[PDB]
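A single chain comes next, written as structure tokens; it is the form solved without its partner chain.
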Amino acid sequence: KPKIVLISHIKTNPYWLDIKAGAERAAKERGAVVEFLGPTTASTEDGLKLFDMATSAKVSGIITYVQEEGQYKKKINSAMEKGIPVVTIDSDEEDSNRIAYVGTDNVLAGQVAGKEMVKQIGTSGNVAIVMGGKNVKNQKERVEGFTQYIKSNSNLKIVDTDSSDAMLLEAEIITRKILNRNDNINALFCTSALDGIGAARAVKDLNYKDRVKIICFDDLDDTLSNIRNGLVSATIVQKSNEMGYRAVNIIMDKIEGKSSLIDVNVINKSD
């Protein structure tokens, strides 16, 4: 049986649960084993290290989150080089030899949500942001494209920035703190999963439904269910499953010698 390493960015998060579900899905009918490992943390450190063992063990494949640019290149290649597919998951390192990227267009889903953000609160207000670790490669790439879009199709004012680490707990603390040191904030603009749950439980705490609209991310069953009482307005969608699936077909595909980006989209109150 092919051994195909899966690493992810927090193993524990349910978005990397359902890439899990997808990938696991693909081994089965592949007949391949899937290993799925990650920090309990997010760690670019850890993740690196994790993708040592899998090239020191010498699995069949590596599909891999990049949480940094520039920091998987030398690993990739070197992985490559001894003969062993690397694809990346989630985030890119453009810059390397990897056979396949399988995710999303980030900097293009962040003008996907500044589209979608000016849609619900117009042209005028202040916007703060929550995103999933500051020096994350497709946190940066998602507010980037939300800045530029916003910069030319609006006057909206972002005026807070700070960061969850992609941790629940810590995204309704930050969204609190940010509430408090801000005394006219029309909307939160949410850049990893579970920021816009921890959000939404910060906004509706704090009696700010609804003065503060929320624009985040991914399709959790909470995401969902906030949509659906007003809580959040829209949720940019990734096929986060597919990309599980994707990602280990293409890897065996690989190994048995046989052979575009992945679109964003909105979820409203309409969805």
The other form holds:
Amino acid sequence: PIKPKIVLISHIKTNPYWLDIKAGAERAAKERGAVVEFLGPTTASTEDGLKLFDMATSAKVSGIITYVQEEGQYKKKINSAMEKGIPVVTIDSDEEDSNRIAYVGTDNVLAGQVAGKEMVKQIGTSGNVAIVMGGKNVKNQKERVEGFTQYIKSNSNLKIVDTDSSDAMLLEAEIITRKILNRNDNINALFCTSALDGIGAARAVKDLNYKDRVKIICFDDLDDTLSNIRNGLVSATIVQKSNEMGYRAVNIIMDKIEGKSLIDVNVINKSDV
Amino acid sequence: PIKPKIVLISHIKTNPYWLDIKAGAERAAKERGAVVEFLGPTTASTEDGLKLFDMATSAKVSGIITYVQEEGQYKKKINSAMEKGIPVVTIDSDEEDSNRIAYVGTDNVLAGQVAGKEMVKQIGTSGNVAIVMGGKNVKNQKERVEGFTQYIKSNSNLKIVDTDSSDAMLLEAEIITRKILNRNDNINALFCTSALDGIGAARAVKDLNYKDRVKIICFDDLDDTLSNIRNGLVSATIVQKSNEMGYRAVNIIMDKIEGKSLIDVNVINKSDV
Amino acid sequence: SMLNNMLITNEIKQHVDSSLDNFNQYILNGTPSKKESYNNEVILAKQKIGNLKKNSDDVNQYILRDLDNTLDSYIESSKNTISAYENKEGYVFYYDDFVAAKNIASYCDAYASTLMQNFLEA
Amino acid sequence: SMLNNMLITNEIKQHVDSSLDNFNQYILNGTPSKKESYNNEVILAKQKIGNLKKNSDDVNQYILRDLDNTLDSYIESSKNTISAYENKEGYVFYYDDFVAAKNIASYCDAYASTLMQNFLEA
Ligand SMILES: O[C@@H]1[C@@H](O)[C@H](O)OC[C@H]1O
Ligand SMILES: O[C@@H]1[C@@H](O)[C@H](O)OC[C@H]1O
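The form solved without its partner chain done, now the form deposited with its partner chain bound:
Every chain and every other molecule in the complex is listed next, the one we just looked at coming first.
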């Protein structure tokens, strides 16, 4: 017999963060009797994500769960799908100005503020910070940087002296970090805002030494990040409930289909790992 | 045995002007022992033309003959092909800042000046003119409008009171003309700068009447345009040697391959047809 | 049989492609026979997709459903374009539909070539 | 035979697709086995295209030449990307090559599905 098909569109398909979201979606789908089709580009592209969203709309799938890379850019296609009877859920970045039935993911501005509070605990109220973000024009990255900046401006005298982008690539995270440490005199800490940024930054700090003149606060609980926390290269990471996002999003879609009726962030330090 | 393959990329594949260019290319190709692959989008698109050019480059064809829709936009791909050993010829719009071996087509600014001289003969040195162009940002259209404008500014007191675009579509040419005749009080003449514009304008003039309060000077010698000249709906058309463009371009490509070693425009009136 | 299935799959792909081509020519010039061919070719693609759906297994079932629905989207986009066109409306009013019809037809091509590969692999 | 030809054509398409996929993963994480698979799969696509070229007729000859050359372009773009990657250069230095490799691999897919249709139609 044939099952409802739910389309899940990721930021980056190969990434281990999205694989964890996928796992959560598959768990919910098996429980609810649906099939998940998991899609995404190799390199981050709003354009490519929208084409995939357009394909699912045309195919009139039973539901779409989509990442939102850029503010305002998904509204048109999301609303068009909703209008055509396809329930749409946004995941791990929202499109607030759209008629999607629900957003499942982190409050990203808040997560930034949380990082900001932890940054003050880590190095105090005075010093220089540099930011490595996963794409300059990526929505949930800008939101994380926004919350962070706001926080340390209200609650410290920490100076952000450099902000650049990894495009959420691992190698480019290392290189942009190495470039930031060079070209800046006294950096005390790095804030890394997507999953691979912290791993790339740790590589760049370990390679110049600067372990430990430079602390790292990064995002997510990937294996190498947890390992870098145990080994002291990373001081704190901000952890999201990725598996739970995938799980909850499928159940919301299946609830809508069947006519039935903001996930916190956690700071992890070496004592926690 | 296998023959060299020459790729010909058109502005618009279905258009009878490009079909005449194709015929000229096929004639030369049969004489020289080559095969022509004739390509183009349905609706004008620089992006789509460049993808086709990219495909031919990747396939390392023996030669590329390409239309150039937008200034500066083809330079990169043209030079890349030349560098990879593919002889490139531009046809019926040029990319001057590129290393293409030759341009085969009309001097489009001059063709505009020619239209300007004929416009003065048709309605005199005083009056109001409106322009229908085949795409606002299309290179050889802008060049035709440029030459025309320059001419009538130097040699008359003719006022250009409205300029709009057909996007080189037949229906849209009629509609934009009907819209231009409405919304302007005393228009004496229309200047139409791509092949279908004149046919669409004639439909709009015949339908409002204004035959004959409004003269039409247009481009190309398509059957319906020649018919509109005989019936008095069109006063003059500027004729290009499209068939000869296709013919000459293939021979230049095949000359380069084999290591061997600006086409005028003509005004046609009712007395000529 | 598996060969008959991919013959049919290839016929569907040709129907969709030919339907698009005639559709395009119709919007660009209005020759009534182009619209007639546009319409005939989608009728045939639709019926044959329906035929394959009758005999589908556990996997192709999902692809055929996607392809069948996607064809319906093409039918809707192309009909809306034809409708605005014949009403002599501004290009601005059917630009999106016109584009979507091309895009959606290309999605159909990908489903079809996927199907053909699956039938090829018994 | 015509069936054997489209089996081979389907194998080529899978090799190209699998080569791209492994290539992509390699550039994104650097797992050496991904590069090994990238390389093995293009070797196989290249050889089998060569095999079909041995037995080609008047029409497929042209498509096979386009496909063979296009694969060489993919090989060149993907090798240049791998080279800049392993030199730990800025993304800005291999962005174009990285993109072109994806694009060129997609051209190979279209030649392959065209070939498969032609073999299907004896
Ligand atoms: O969007 C994702 C973000 O939430 C995570 O932090 O990093 C990986 C990205 O893909
Ligand atoms: O570029 C072409 C132009 O030369 C002709 O006038 O009109 C048709 C266009 O495609």
